[PDB]
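Undergrad: One letter stands for each residue in the lines below.
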Amino acid sequence: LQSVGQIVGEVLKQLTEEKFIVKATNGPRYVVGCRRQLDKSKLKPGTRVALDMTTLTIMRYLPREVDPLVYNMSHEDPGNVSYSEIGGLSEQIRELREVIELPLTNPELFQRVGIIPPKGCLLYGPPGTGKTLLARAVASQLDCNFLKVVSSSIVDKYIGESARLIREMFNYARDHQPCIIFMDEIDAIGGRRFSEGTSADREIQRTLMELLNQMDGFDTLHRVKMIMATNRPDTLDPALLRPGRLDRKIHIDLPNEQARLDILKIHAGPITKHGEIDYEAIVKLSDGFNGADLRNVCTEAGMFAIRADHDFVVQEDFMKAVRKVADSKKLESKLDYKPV
Amino acid sequence: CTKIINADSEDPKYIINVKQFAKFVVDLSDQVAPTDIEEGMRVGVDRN
Amino acid sequence: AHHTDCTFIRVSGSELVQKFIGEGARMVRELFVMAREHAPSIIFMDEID
Amino acid sequence: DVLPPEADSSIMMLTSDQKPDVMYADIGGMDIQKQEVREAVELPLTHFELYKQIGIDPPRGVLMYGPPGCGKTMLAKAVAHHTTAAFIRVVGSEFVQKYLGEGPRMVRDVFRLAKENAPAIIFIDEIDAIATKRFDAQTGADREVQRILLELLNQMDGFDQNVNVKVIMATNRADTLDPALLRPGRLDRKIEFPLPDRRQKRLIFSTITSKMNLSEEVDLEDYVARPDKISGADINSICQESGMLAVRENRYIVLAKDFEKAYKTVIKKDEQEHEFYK
Amino acid sequence: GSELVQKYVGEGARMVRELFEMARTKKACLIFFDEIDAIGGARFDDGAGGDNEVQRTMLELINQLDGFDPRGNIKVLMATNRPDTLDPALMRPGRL
Amino acid sequence: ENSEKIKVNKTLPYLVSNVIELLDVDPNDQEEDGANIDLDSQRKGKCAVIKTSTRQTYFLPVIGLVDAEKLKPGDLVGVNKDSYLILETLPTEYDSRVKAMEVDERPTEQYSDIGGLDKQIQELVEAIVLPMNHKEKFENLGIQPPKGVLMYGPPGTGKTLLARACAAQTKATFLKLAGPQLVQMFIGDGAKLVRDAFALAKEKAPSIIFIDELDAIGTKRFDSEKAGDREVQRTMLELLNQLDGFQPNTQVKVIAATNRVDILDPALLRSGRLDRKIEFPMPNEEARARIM
Amino acid sequence: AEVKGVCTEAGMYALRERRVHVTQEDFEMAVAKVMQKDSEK
Amino acid sequence: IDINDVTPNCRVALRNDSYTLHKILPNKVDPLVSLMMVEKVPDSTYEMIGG
Ligand SMILES: Nc1ncnc2c1ncn2[C@@H]1O[C@H](COP(=O)(O)OP(=O)(O)OP(=O)(O)O)[C@@H](O)[C@H]1O
Ligand SMILES: Nc1ncnc2c1ncn2[C@@H]1O[C@H](COP(=O)(O)OP(=O)(O)OP(=O)(O)O)[C@@H](O)[C@H]1O
Ligand SMILES: Nc1ncnc2c1ncn2[C@@H]1O[C@H](COP(=O)(O)OP(=O)(O)O)[C@@H](O)[C@H]1O
Ligand SMILES: [Mg+2]
Ligand SMILES: [Mg+2]
Ligand SMILES: [Mg+2]
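Protein chains in written order, with the authors' numbering: chain F, 50 to 389; chain V, 98 to 145; chain L, 204 to 252; chain A, 141 to 418; chain R, 242 to 337; chain S, 75 to 366; chain P, 357 to 397; chain W, 103 to 153.
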């Protein structure tokens, strides 16, 4: 019970051997004297420090903070899907891992040819093909810190909070050197600079141009990589798509028939079925389905058996389900879209 | 004048939100019954 | 305007100077309420494109 | 008591581990802009007497602009490396602050430090954030932005042509800017950064490819003569991509097929040439 | 109806909520709406957004009369000049 | 006496405040007597940094009357006014609007009081009740239950009546919500309600949340160069992701309803988000006897 | 408006050559440069 | 102090607790100076006309 807190603050400069200027985080600047033992060699301009409140003297120095938002988006993940669970686009996986891992290890190769590896890439394709699954697959496998944000929670109603958060997370990436920022649903913020706009908007344009400035302005990243994923890449600002910022654009499409076989084999795995199933016909009908639809096929084929009390599936229910889903997708738009 | 946020069980303990100061944990005074402080309505609290 | 000694003022309907004229400027002619204190004046405007 | 001058913000560009170190050689083909920024900034430091004698009204502020991907920031890097006087850089959207009154203070002290320190240069990058045409005087956030813009203009206008303080300001879209900033007497020079045409593309290729082994028989004239008006930040991506293509197959010398596939990879223009109109 | 167009986004809906709430506070009485056809006609969205905000206002007004424990002891009363533009979901009985 | 001396300190007018950080602390290299501090060196456990409501930030050298194991950044704790010692951990908080959108006096009906829909009622109950009372029946077969349903059709039909009956017969926690209720004036005030609603509904084991009149929100995105209503789109892009993205959930069931379907964005109709799409007819010549 | 331009620019040409007065050929070079820059748009 | 000297839009010192007036300060603020300085119109005369 007989204890007291201490005020937090930040040092601006050492004035003499016993005079320091500090700024509290909340407001008024001050002039304050040190405690004798603290190794004054360490109070460089900028370090955080703790002041005694009754008389304001330096009492201890501290490490940099991490704001709880960055902590939370530091390490929440189911984080366990293998590359085994992704079928039908191994080629894109090779294309991507040739940027986000092969130059973290093995840096001696590139300096032999004479180039600098890319900084970041983006993924795009029509809904439901798996742009998110691939990123979870990455986050499971390889061992470097991995920040994971949904590009829509980082907005707040006060004046300059958004740009502050973006600067703080790029700092936290600079401290811990091998890091990967993943920025999901980016079209929420990438937008385009309006010619007219409205007051409630221009906050977002500030934040955007701030992000661009940290991604390439009068500074240089090393060992930070970022990858960005979006559902529709037409409405992206022409500055953010400059090759300096996002180097490679990777297209994810609707599955080829061979790919449909590959994908369907998986989600058909664990079902208690009977050994007479011909996947080739189901492939034959599934023209223009996304990957996310075949999971649905494998679900309905079970639903038709939960009634009628069969605890085993048989090949007729797959036909039923395929035609039942085939006619429900007659109300989506089927526009592909293209970044340009 | 302030706005109340919620309560909690078995022993009245209340959360008070004021307009520009902090949120507090408070109780009642004797002259007012504990039934009619249904959650989420304006209340008047003393200054000490 | 200089040779006849009139307070030569120009208006382009911008927003920096709007606050000086009034709080919101819902209507337009509020500048008259500011021009009469300096009556010998010339209003000048220009059109591009 | 009084204090020796003290401030905040960007401190100084401390000049030891801060020079980004890009020689003038790494910039190719931009001789026009190089020479005129040089005579706009570094020459008035010395040849002021000539200006007074001839009567040419030395310029004070300079603003440079153009389409994205033409190396506006590379000149700022080059100057900051080669300068001798003090240099300061800030980000345009850092002045806004939650606490009331911190923005105006952060501007006035930046100017004060630049004044009292030395013949310095301020650099503000991507100023579209602050100076814009329209406003809404009911939301408050516009109120803070108004105060910032007003007093910045005021204090830039308060100099006496003696303290040799220059300002370098850059932007992306020049359309949405309040003309009141580019009024004569404040930002007297405008610099346009176009796209390479024919003369600069060859120079950029010749400078960039000096680092790669690049085989011996590769031909570059086959690529400069093509027409496609690519930017200046695509040549770099072309060379980088061909290099990576060579690394993939474990060969450490880049060949012509690499350049071919890389060029096709970068450009991506289908036809857009609907024919029966012609 | 023209009193229900507001400056900022989401204001009209709030106004409709507290209008019906203040009505609920009392025992029971009448609400008269005039010149409806200014506040909601139909939903025809195409290209750039058009009348979206007014449409959200209309939806909130609709919702206040139907679905999940309705208002009870409140009667409305409307009028118009060209009623062909009224929306089908508004003219459905149970509301009019 | 010792426990009473503790008790008589705890006067309830605490402040409230948020934990910002938890730190690992190590004594200094050198020591002294005649003048040593208990707190600089000679501490070895955890320490904390807290943010008060009145925008102070305090370092704490000694945590106080709560075991450091159970704290994590973002926790909400009640704190003594003078010392700023920590005294209690409070229940987490949910926005005052959200706590309003929960049913608590049940609607009262019966499935008998709907005429002419015997197939859609089955299609719903099979996809909402059983995955809540008969898990093993899906486990044995090696399958994942259908994930949330959309009901649509011309206006004068049973769309909402059914949801009312469903809430009347189930026993899960039931949340009622309306489309335009998620639009708010200040930027980013909406998404905070979306994610608070889901957060509260997963702190209860079986829960259903009913998004009425969704076409206020799901309106198709568009390319616009002059001006547009980017705001509500930017809250939809939260709903989409709360419903199916990183960290998949399983304990919340979603129902949604609308009477227009050509408007909605294709990314909201994907197979993973709105799973079964079922549609209501204009009542046939036989039902119209039953309704009357 | 271009005459003021040519007078402004003719000084820079003497500036480059480190002279103290402005010769006539400087004027004509400035004239041609103004014509040329106007010939584009 | 006399009231007449107490002009509108004037800076004045003011004691701490009673908040009573005590002295006078010269500086004052006006709108037109700020608007005209924003505009920056070029004053001239007949001398520069040609044709
Ligand atoms: N190649 C694939 N192999 C297996 N499953 C796949 C594949 N492609 C997609 N899926 C399925 O996609 C479903 C979810 O896809 P995901 O969450 O990545 O969304 P998305 O396709 O990126 O679209 P959006 O987020 O824009 O709605 C998973 O249930 C997974 O079964
Ligand atoms: N001579 C040159 N001209 C143009 N670009 C060049 C030249 N030499 C190199 N580049 C390349 O052009 C790019 C310019 O980078 P930089 O970020 O400065 O561009 P910018 O035009 O200022 O864009 P932004 O406004 O988006 O920052 C670099 O990637 C660099 O490799
Ligand atoms: N068997 C029935 N089928 C359809 N509607 C019914 C039936 N019985 C009553 N109704 C009436 O239909 C209305 C239901 O409203 P509803 O149309 O579902 O709202 P919405 O237009 O949002 O769908 C109620 O007034 C209810 O009295
Ligand atoms: Mg996704
Ligand atoms: Mg730049
Ligand atoms: Mg309804």
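These aren't lab readings, by the way, just hints derived from the structure by calculation. For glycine and all other residues, C-beta sits at the position ideal for the given N, C-alpha and C. Be careful, since some hints might not be right.
[Claimed, not checked] Under the rule of at most 35 Å between Cα atoms (straight-line distance), these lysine-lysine pairs were calculated in the DSBU-like manner: (1) S/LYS155 <-> S/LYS209; (2) A/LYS174 <-> A/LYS351; (3) V/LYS116 <-> S/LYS300; (4) F/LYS322 <-> S/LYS276; (5) F/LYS298 <-> S/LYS300; (6) F/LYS322 <-> F/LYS378; (7) F/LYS378 <-> F/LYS168; (8) S/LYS79 <-> F/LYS387.
[Unchecked claim] Computed list of chain A residues with no C-beta within reach of chain F, every gap over 10 Å: (9) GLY209; (10) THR224; (11) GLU234; (12) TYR403.
Undergrad: Would you mind marking each hint as holding or not holding in the structure?
TA: Right, here's what the structure says about each hint:
Restraint check: the Cα-Cα separation between S/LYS155 and S/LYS209 comes to about 51 Å, which exceeds 35 Å; the hinted pair is violated. About 23 Å separates the Cα atoms of A/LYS174 and A/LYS351, which keeps this hinted pair within 35 Å; it holds. Between V/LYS116 and S/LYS300 the CA atoms are separated by roughly 39 Å; this puts the pair beyond 35 Å, and the hint is violated. Straight-line distance between C-alpha atoms of F/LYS322 and S/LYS276 comes to about 34 Å, which keeps the hinted pair within the 35 Å bound.
Our distance criterion of 35 Å between C-alpha atoms is met by F/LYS298 and S/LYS300, whose separation comes to about 27 Å. For the proposed pair F/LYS322 and F/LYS378, the alpha carbon gap of about 27 Å is at most 35 Å, so the pair holds. Between F/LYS378 and F/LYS168, the direct Cα distance comes to roughly 38 Å. Violation of the 35 Å bound is thereby established for this hinted pair. Restraint check for S/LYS79 and F/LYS387: the C-alpha separation of about 72 Å exceeds 35 Å, so the hint is violated.
With a cut of 10 Å on Cβ distances, A/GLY209 falls inside the contact zone with chain F, its closest approach being about 5 Å. A/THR224, annotated as away from the interface, keeps every beta carbon of chain F farther than 10 Å; the closest lies near 19 Å. Not every Cβ of chain F is farther than 10 Å from the Cβ of A/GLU234; the closest lies at roughly 8 Å, contradicting the non-interface assignment. The non-interface label for A/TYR403 is consistent with chain F: the shortest C-beta to C-beta separation is roughly 13 Å, beyond 10 Å.
The structure does not agree with the numbered hints 1, 3, 7, 8, 9, 11 stated previously, though it agrees with the rest.
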